[PDB]
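Just the one chain here, the form solved without this ligand, laid out as structure tokens.
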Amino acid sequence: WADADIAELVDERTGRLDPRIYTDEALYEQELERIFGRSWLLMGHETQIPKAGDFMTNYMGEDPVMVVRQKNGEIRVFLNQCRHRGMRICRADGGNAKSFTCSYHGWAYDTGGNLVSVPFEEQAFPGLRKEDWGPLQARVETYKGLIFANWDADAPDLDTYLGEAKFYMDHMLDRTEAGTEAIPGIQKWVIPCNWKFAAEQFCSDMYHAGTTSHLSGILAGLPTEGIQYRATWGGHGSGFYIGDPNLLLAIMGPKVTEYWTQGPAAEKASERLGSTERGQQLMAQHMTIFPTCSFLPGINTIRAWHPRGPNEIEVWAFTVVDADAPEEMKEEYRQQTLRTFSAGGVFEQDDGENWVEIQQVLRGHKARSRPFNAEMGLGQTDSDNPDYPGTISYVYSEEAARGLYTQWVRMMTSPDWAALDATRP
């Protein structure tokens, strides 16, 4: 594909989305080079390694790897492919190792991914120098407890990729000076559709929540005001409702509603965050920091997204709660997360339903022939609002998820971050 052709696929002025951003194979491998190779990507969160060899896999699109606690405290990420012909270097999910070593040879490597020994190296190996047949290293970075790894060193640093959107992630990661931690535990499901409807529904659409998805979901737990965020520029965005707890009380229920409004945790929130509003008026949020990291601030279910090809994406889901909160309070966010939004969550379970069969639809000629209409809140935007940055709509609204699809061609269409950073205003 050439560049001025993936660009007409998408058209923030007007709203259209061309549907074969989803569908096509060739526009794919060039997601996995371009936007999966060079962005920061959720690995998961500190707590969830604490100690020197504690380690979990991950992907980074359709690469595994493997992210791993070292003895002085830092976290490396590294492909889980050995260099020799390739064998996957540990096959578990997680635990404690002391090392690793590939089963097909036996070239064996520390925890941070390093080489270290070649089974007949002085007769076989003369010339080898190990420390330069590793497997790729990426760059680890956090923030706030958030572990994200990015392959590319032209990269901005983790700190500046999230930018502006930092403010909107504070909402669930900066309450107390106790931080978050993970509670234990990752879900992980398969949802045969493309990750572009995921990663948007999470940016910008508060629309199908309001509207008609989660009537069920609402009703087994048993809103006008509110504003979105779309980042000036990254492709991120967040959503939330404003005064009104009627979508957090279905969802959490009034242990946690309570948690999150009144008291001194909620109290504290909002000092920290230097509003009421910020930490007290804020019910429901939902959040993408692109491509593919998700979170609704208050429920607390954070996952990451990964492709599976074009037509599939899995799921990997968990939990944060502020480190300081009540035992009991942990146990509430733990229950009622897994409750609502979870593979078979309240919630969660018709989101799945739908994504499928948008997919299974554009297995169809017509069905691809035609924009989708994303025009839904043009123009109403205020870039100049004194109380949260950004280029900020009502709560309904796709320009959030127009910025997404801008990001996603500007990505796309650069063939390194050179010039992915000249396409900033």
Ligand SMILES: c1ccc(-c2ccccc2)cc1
The other form holds:
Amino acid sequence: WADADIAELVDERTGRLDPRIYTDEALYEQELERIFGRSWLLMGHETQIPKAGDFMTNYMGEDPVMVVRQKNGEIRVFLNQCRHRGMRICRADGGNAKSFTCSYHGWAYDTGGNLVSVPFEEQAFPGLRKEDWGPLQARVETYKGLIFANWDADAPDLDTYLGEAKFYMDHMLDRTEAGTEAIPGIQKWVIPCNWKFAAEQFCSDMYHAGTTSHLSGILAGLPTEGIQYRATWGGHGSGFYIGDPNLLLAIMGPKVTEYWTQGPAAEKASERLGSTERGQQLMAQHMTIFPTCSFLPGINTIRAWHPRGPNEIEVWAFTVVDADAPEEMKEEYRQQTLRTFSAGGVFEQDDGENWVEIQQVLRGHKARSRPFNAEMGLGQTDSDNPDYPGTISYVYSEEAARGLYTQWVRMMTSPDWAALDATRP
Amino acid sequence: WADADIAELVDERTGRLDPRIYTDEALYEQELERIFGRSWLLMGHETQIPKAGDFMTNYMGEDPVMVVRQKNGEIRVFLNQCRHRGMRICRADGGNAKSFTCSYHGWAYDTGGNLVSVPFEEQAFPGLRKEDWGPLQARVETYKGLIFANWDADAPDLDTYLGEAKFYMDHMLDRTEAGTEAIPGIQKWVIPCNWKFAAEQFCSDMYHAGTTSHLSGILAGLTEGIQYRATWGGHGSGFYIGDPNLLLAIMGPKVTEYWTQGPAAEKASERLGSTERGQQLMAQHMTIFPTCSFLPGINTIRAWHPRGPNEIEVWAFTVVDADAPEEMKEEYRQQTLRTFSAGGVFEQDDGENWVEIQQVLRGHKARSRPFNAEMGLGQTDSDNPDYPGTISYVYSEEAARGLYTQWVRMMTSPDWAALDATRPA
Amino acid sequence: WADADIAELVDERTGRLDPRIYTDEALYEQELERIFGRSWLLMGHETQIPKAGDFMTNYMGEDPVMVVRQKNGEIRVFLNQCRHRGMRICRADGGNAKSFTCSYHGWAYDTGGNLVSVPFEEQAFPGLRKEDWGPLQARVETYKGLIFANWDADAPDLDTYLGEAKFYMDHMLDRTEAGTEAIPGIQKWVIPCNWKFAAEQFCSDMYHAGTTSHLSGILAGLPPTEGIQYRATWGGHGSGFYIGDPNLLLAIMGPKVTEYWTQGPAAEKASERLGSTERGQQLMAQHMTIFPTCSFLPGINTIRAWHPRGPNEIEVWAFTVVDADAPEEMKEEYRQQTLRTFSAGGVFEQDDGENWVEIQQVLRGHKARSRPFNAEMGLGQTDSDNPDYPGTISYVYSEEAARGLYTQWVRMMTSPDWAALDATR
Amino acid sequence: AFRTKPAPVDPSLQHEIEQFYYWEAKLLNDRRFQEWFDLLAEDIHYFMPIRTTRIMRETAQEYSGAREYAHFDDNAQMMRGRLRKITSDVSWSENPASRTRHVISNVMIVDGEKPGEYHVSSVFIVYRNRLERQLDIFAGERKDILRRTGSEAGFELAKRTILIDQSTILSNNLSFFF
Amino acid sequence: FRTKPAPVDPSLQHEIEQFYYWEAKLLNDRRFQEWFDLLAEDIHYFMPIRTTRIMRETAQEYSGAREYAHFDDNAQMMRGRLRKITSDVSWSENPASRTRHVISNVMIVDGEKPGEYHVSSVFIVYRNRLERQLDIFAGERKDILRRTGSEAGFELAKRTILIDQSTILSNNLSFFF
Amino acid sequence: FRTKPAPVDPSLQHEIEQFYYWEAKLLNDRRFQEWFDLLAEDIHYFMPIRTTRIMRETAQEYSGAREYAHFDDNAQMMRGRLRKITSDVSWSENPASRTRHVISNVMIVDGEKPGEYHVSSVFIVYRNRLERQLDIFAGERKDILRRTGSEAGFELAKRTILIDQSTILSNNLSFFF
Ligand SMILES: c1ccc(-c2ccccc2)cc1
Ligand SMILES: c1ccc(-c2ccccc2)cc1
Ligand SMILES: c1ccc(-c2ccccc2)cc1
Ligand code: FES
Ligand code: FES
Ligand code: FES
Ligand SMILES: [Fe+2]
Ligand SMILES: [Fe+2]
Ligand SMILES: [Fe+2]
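Coords for the form solved in complex with this ligand, given the form solved without this ligand:
Expanding to the full complex; the earlier chain stays at the top.
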């Protein structure tokens, strides 16, 4: 695929999407190299691995990685592959490790992923420099509890990568001086669909909630104004209803809805965010940090999407709560969140059903031969909005989705971060 | 794959078939464009969808399609794909509906597949021309009950496409002024083999019936004939003449008698202007290129659906003369089901054969030498006064060679104009 | 993939392997042509098909073959593919047959795979030279019981292809004048990993045995330091073994087999036929690979062929050989200890299956395939003029043999025929 | 029939019908087809309707009906023909033979209107493996009418309806019995 | 079930088995109104998340009480799920999947209060939907069944589904174990 | 089992069923020490290799007595397997597989010696491990159970696993049927 060919697959000025961005194997190879190999990717929350030794597996594309707390409180993320002959260093999902030992030929690593010992070194590997034969290390940075990782040294730091999107992330992460914590337990499941459907939905698709997808999910728990952020650059996006507690009550119940809009804790969030609207009038926010980190401030599910070829993803989801929230509220977030946005949840059940059918249809030649309609709300933007940074539209728009797919083009057509950095305004 | 390289895969002169036609992924993709994207394909039978609003799904290639009776009696066929973001418009196999609503974001369609409304259209889709944004429509034409579809506006009409093969189809479809009806119910199953083995078999391959494949199915039931090969287009049919013996073993005594003696068989001879045609044809097989196949007399009919080069689905049903007595409709129903079905005592064994052919072709040497298609070479007669087209003895692979040559012509033509220029004057 | 691009994949000078050799589909297709299509490959043992008509199936790559004893004692190997339309000529794993008939159209063959009749030959196939249309035949050659096959007429004979690897094979095959026999029974199982991991392990990897891989397997047989390794001067074969210490052999195969192998009349006779007391009585746990996919453990006496199934999968076909003149109690002990240890369920090979499978899944990742594995163990610590052992000799812990295997991979993969392969000698 | 919860029955009746099904499965799985076909009543009706994907409001048309096409819909004479076929050395779908496993559970029994006769619901997993690596796993319900009989089996199969948990059949054929 | 259960009368075995076999029918035949009627008002329908652990840490193999889970529902939450699944706009179950609950290995121990019963059983759940989707599950269900005057005979007071999967091999969990 | 088993007291059916249901729980819950304690001194644990044969040759379908096999172990060899499978360095089962032994179709026939029983049952073994590995097995276990004075009530004296596979569709057989 020539760079010129890739840029035609997506047009943000007319609003077309060529459906082969979802199906083509060569494009997907290139995504792993040019997107996943140099994007910042959600690894978890700091409170998942609090003590030294504590580790959890995760993924960067289809590269398996270890996320481990160090003696000094730092977090290292390194490839879960031994450089001798490629064996996975650790087969457990998590725990507390004293060290790691490769099960094939006994190459031993410390908790930082350093190669510290090799059986029969003095006779069999005389030249060997163990400090150079450790698994590839990724850069690891944090923002308000969330752990992100990135292979590429030429990438901007987390804080820059997130950019103006910090503002919208803060609606969930910066509501109190205590910060957030993760409820323990991470749900994983397999949905046969392309990752760009999921990322897009959480980036831009309040329209799917506002219509037919979740009728039945709303009924199980028994929406007019709103805006949509679209990052000036970087492919991030968030949407949210304003004013009406309606929708949140039917998703999360009255306890959570009250907690989100009323009483000490909610007024605290309006203060730190400098706005009664942000802290107390925001309802059912969705967001994506490009490419594959997504979350719903309010409901407080967060997850990473892991690609598994063009026709499949894994979803790794968990729930964050205010660290200082009463114990009874943490318990309510736990239940309501698994009741709704999980594999068996009354909302998300139905997303997995939809996305799976879209992908199956695209086996067809004619189904990949005409573009999808990405034209919702074209032109109806405002990049000069006094209270909300970035490119703002009505909450029913695919402007953020256009920017997600434009970012996809920029990454897919940039040999390195220099070239990509050269695509900004 | 250049056109010249594709032509060398089949040699009609010598009688050779390169086995890579059945395995190569790149050929398969070109077959979807150049064969399935512009051929006439079997959608079923008028009487499967009699009332306004009745629908059944089918496939053209791996494109899923809706097949729907309109208020004006018209049969439409459209892609079962929403142009917004690709969701399958209707997930049921069939039913009766007054409209079809997409479950993702609620784009609503009338029974003809027109987009008639879009939620929040005025505040979110001002420009939108709804009449441009409906799912792709296929041309639908019928032939004496059978429904066919074809995407391509420059393709011949169904009547031209069928050409002189209409003569052979009429042995099943025109034995009475009442027409045929489909017995309700369609059996679908999965066979891991290439579509061409199945298309070819019903096209050319009485040899397998009169040898070893079906010895066992004949036991469950206790010489002369001709084969047709279309002058152009790759259709084929073969049949025995004047030998009840075999048709009694397949279908039993009541069906055999209905096909050869009494008023209804007299009517058939009258209507086909020949006693030989109406009462003397025994166990006919046939393929309308590429993937519509049937056996007149037995009255099973089916579409083969490609699923990559290594897999197909078989969607089969049975047709009866609509004025046949109710005891004869019942006998046809049970006997076809007993014979030419996934569990039937004939078709059982075709499944196992094709499956093993395809597994063996994983091999490199297995794909490195042509198959033998020289049976009956030059033993032809195209000026036969009673039977149109290129006639051979019933055991021959002329039709087969004609089907693989029509394969060549479609695979090497950029459009229908180039394809019309391979016709004989 | 170009010849030069393939040669950069492997570097025996600095000891580096690019992990894409294990994953890439295009290199795999080329492996089938340039390795499996012209190498000698294990079909089994002479005594598995001792009588006339006796057959067993096997594979050469992904080509299924028939191995059949003839009336004159010849062993024939031919593709299990009828040349008419591809059917597998015989679907049983083994037995005794006087002829084989294709179940599709009844083309008949003798026990040597010569086409002897075709139904309705006279009318349907007038010209047919039946002796040009029988399935592809491989060259067959034995070595001390073992049967081998090779499609290529231009390849060297089996003696030469083996060369000085005959010496190390003899520690198992030539310990007595009576020769070996196979215990009846062949275990077959599926391991999702590349064939080269297995071929390499048995070639060069005592290191994995003397470290962590089998700590548990040694434990199971409870209530080592000197050894050398052989790399073939040419052709990619290798073998390693311990000298002196019967501890490890004891815990693998128990005391009866240890005694038989090292003390008493039968071991004393082995030392006599091999002209060394060391060769016959002081060799402990020998591993060996005849390139590309024949592997065995002289002493343990398990032998196997690995069969490729794309780059991400193999089948292992394993069986046990005993000295034919050994007491029936020793034949029985070899049977139990061998299935207890080196089988799908065995206490040793259980763990190899788990390790290999994880190596391959990890290589789905992009970074996982973007850095070389370390093949540097034992660099430069060789001796090509050892008086007692032919070839290039190293310490038992070394990847010299492995480098030779991958260097032979490079050679076969970049040579258009055997003439150019001989040019690298 | 099984419209409301089956009235409790004697544990000796449960055990005895259960053992019939366990023995039945052994006959099929071990290819004792002569004995299996002998279990069949002279008025056998062997039915496997085609199942189909429908929206809630149309689940009535899920299963094909009495005068519609089907996977199996066989009397004694038709099943006699399948016994001839499956005991041929030229019945290629089962020569070489499949390896099957019928795992029977959820046996619930209701007294028939005619004495001697019983309506039974039971579930199954049929595991069918063949050749080198072919594997098809089926599941579903079997609604039978059993009839008490003086043969060693102790009942005959008067009626069987196989309710398969598949729409499109995930198998190249159905050359064995449910 | 820390030790082998004391033998029970075969009529109790048979009564409880028939309760599970009838339960299975309810779920597989989509009689969800009747199935939910089995749940006691103190129902705890729990399905913990399972992880892959080294042998020395298998204590953390299952998520505990205050941790995330696939299911962790009370009577109010399940009633919501019934209201969802009996609607013509619940897309994961309209069209409806076809399920089969093959239950076996039923072992019964007497509960603390009389009329209550600790039960262990295994299952395969075979779930097929649309054209060709096939999800196959297995596990254990540790129940507390409670005696009752209804035709059913019991109400499900508690249920812990231990699923033999880490990563769930399904696009959702839109049916009930 | 060459003719239909003679009827047995349902109290006997229930007892042996309970023995197998308990066996399944031990295996599935990794209680391997207790499972191995069910085994007799004279245990023959046998799992022959199965092959595909034409009808006229199905006599050689299974490997016989003096031929290679998937398992063919005595008490000593089974004791080695127990050492291995409870080892912190046994990689096939550390981390541990998740298995489910769904047991049905139990048919009992009196033995030649009293207190002994010939049993035929069928199984589905569902093995899930690591992230996504799923191996599904099926077959028949032909046992000989012998009565004993223990809580279990029996010991396993002989087991022949007839597996419904030719080529094993699994990278190993690191568990017990
Ligand atoms: C992306 C994901 C979920 C939602 C959402 C669903 C239901 C209710 C509120 C928001 C919106 C966008
Ligand atoms: C193609 C397909 C099936 C048959 C056929 C098979 C058995 C009996 C009668 C016809 C002939 C050609
Ligand atoms: C290749 C295969 C097996 C072994 C081996 C394993 C355990 C004990 C002794 C040798 C070494 C290399
Ligand atoms: S693969 Fe890790 S030490 Fe060899
Ligand atoms: S995909 Fe159909 S409305 Fe959006
Ligand atoms: S494939 Fe036609 S006779 Fe063998
Ligand atoms: Fe959603
Ligand atoms: Fe046929
Ligand atoms: Fe090993």
